[PDB]
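Participant: Residues per chain, in single letters:
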Amino acid sequence: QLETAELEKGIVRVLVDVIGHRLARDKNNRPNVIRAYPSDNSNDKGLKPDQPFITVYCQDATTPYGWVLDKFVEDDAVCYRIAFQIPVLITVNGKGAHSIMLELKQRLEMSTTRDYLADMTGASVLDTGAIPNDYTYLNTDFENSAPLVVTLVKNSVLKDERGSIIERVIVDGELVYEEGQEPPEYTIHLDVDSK
Amino acid sequence: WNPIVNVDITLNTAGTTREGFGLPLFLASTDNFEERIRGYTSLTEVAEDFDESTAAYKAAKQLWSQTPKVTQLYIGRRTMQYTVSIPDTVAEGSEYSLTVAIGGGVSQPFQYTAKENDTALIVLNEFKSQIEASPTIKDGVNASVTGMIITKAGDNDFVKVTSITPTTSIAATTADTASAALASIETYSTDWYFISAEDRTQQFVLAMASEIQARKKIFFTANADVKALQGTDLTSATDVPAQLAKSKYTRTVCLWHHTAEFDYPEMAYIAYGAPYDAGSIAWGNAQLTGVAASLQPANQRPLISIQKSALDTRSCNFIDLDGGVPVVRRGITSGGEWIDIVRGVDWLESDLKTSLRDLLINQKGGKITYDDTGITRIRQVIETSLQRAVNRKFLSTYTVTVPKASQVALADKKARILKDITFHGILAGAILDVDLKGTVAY
Amino acid sequence: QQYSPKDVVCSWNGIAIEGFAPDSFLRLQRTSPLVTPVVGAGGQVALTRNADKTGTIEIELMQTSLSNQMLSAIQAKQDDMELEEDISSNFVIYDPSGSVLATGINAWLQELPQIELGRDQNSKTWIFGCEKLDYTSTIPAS
Amino acid sequence: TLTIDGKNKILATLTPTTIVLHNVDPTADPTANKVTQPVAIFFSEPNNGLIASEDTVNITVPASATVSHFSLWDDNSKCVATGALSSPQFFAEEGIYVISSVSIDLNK
Amino acid sequence: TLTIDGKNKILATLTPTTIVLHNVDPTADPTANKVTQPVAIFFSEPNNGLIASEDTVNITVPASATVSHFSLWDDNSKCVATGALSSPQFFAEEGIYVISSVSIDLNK
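Respectively, the protein sequence lines represent chains B, X, A, P and G.
In terms of the UniProt record's numbering, the first sequence has 172 at position 171, counting the first letter as 1, and numbering is strictly consecutive.
Residue numbering for the second sequence is 2 to 148, 155 to 449, as defined by the UniProt record's numbering.
In terms of the UniProt record's numbering, the third sequence has 71 at position 67, counting the first letter as 1, and numbering is strictly consecutive.
In terms of the UniProt record's numbering, the fourth sequence has 54 at position 52, counting the first letter as 1, and numbering is strictly consecutive.
In terms of the UniProt record's numbering, the fifth sequence has 24 at position 22, counting the first letter as 1, and numbering is strictly consecutive.
To be clear, the hints were calculated from the coordinates, so they are not data collected in a lab.
Covered, in the sense of this in silico footprint (three residues per stretch, anywhere, with C-beta under 8 Å from a C-beta of chain P), are these stretches of chain G:
no. : region
1   : 3-9
2   : 15-29
3   : 82-88
Built from N, CA and C at the ideal position, the CB exists for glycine as well.
All chains should be built: construct the whole structure from the sequences, respecting the hints.
Facilitator: The structure is reproduced here in structure tokens:
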């Protein structure tokens with residue numbers, strides 16, 4: 002199954018291991034990779050972490066690959082498999098954000114990294130966008146940000162608990178000489194079971 | 002060691018065979034062969050276990066003469082009830098012998114020769130105690146005392168007693184009213200299609216026809232009684248053809264021939280359409296080689312028109328001598344249905360059953376789900392199965408209607424049941440006889 | 005009861021072909037016109053009834069769809085079968101709205117798909133023949 | 003009918019131990035879409051073909067979660083039984099769902 | 003209700019071993035009306051909540067006896083299942099009763 006929340010969680014763990022040697026460390030010496038719009042229970046907001054930090058944000062989830070990729074039957078349930086394409090926005094904030102972002106791009110193509118990302122997420126990278134060197138004016142100085150749009154593709158399998166598959170077929174057939182003949186010339190009754 | 006080229010010419014004859022829907026089975030009351038449904042592939046093979054006067058060999062020769070040889074012939078045995086009885090008085094110490102054989106491992110002889118004072122019986126009752134004491138015969142052989156009948160009981164099914172001087176006589180086949188014989192033969196193998204029998208009694212013949220009507224097979228009989236070629240009203244006579252027609256049995260073929268007693272002409276009829284395909288043939292006008300025309304037992308002349316018309320009333324087929332060419336006419340079953348239609352229908356069921364079996368058992372494209380896609384899969388197989396009939400020139404058009412998923416009751420889905428699937432095909436007939444009304448010769 | 009592409013289902017050789025491309029994914033077409041009128045030099049018109057009803061069914065499945073492997077597996081098996089065995093089966097297309105009402109009687113696999121790997125995910129077009137593309141209708145002869 | 007002695011002996015091997023609540027019906031798949039964590043449930047001895055819970059069970063359901071169906075488990079992770087609680091309940095804030103009595107019975 | 007997996011596990015412990023015929027419905031006092039001898043009966047492994055007899059068993063009914071009901075006594079002399087036959091039959095002489103197949107089922 003596909004859950005955007007789980008996908009963002011999976012990406013964050015990957016970014017910590019992949020690009021962690023260039024970010025800042027908190028009180029637990031954990032590289033500052035956070036999910037966008039942080040918030041705990043109810044309205045408990047989240048503080049802006051230290052500089053060189055990474056923000057992960059799943060922009061949306063489109064399905065340009067058709068309504069249903071395939072429909073198979075599991076043990077006793079009909080399972081639909083839909084193909085999704087999730088654009089995830091990874092943005093690095095802080096001084097020298099562009100240099101940090103560039104390293105991640107050249108590191109998101111390595112086979113070892115993508116194999117790691119394929120695990121614990123279940124998705125595979127489709128492509129990586131362009132990195133704009135953005136300068137925004139907060140209050141006094143300019144904060145460097147380098148957003149990047151990583152596009153992921155994943156297959157979600159959901160089970161319809163109201164399937165009730167076929168196991169027996171009963172066929173009644175008649176043979177006639179012309180279109181009509183209310184008394185059929187010969188009658189066919191079939192009964193095929195899975196036993 | 003084998004030579005580089007191994008050549009072995011023999012001054013034998015032709016006999017190239019052909020394969021087609023249906024394999025004949027002959028229910029013969031015999032004593033040889035291992036279990037039921039022995040089988041045979043050539044006339045020589047059927048002669049290595051049967052004699053010329055033996056019923057099975059007589060049937061085998063007729064079926065296997067033709068020209069397109071049938072691939073294989075199945076021969077089954079009816080379970081046997083050998084009865085023993087002393088024909089004379091017991092004289093002092095006259096030696097009596099008998100050997101009972103069951104399964105494969107039983108060849109125990111038995112001698113009593115103990116009648117010093119007087120027996121007037123005894124010996125048979127003495128055998129009863131002895132026959133129930135043999136270590137390898139004790140189980141499987143049920144006996145009695147009369148006033155004996157060595158039948159079978161439990162586990163072992165085949166029994167056989169044979170002597171030289173005293174008796175070991177009779178046959179008295181246990182297999183009763185087909186059902187008993189059929190139940191035994193079904194347990195062994197059910198790959199046969201055409202069924203016949205050596206017995207010709209009214210009780211037995213009427214029993215098979217009712218029994219065959221239940222399952223998907225065709226029964227080929229042959230009657231020769233005179234009482235069938237005289238009656239023109241069905242509900243007047245008690246002849247077997249009349250009995251079959253009255254019961255409306257569509258899976259029983261009757262061939263009225265004068266050799267129906269000592270020979271089995273139905274074998275020739277089977278071997279006319281069995282080698283070929285199913286439904287792409289006409290069992291009507293047929294030039295059966297070897298067998299002669301239907302002769303009158305009283306005059307030894309071919310059947311007259313009224314006699315044939317009386318036969319047509321009972322739907323029993325005959326051999327009409329048209330242009331002085333023995334031709335099996337009618338080609339219809341006792342139920343009024345053409346034989347090819349019955350055979351084609353049986354093939355259609357087999358093909359539909361097999362093709363539909365693949366989705367359910369072999370899970371060809373996966374388990375069938377209960378929606379519009381799953382029902383469509385079933386329609387495709389049914390439509391494909393009927394399409395082979397059209398290519399076979401059996402049907403001409405078909406029309407399959409399936410229920411819509413939304414119109415299916417909740418009960419069927421919970422039971423995982425799909426009903427209300429119907430198809431409607433149109434048969435393709437065959438021209439068997441014409442009527443040319445010439446205008447004039449002005 | 006309007007046309008919706010989510011209910012159109014196609015089934016061939018007992019399989020449940022699925023995973024259609026978002027764009028045009030099914031394309032039936034008869035290979036010959038019903039009649040070919042012949043116009044005389046004078047102006048008289050005669051009609052020739054074509055006894056050729058064969059058609060062509062094209063299916064556009066996306067490459068990662070599972071039915072792509074199923075169809076290819078059948079094709080590989082069909083090559084190893086002897087010449088006497090059949091390679092055709094009716095092509096039933098069902099749609100509740102009645103947009104399509106054509107059957108694919110005796111449909112065979114004509115052309116293998118053309119793989120077009122690119123930046124994004126492309127489709128694979130399977131082309132099926134047929135001996136008689138029979139157009140049907142809900143309305144009977146009345 | 004079946005024997006009560008037989009009904010008692012047959013039911014002595016069930017021994018459900020953990021209970022898990024689901025928002026959807028777990029009949030199709032009792033291994034999926036779980037809500038709570040496995041919480042121990044202890045049953046009595048088979049009597050009159052009906053086992054019953056010994057003590058009450060409190061299941062801590064997380065916030066913004068719905069429970070509608072329940073399921074029981076054993077030591078080797080094998081879902082012996084599934085069912086539906088009285089009515090769906092939505093726990094806005096983190097709350098507790100208490101099981102008052104579970105009575106698996108076979109006496110029809 | 004129980005699960006298919008749950009039914010299979012539970013059925014694997016009944017293990018009937020012997021069958022005894024009766025003349026009166028053995029509901030209560032199953033030790034009475036013990037017409038025949040404890041002939042052994044073999045059952046297969048549970049499958050979809052159903053066990054079936056491995057082979058046909060023959061019951062050595064004594065002469066001048068009537069049998070209408072049966073019971074499946076297990077290893078430890080417990081009557082786990084009663085039941086009636088098709089119709090009460092009078093074995094006026096010595097004879098044997100053939101049990102083609104007996105199946106215990108919970109799918110109900």
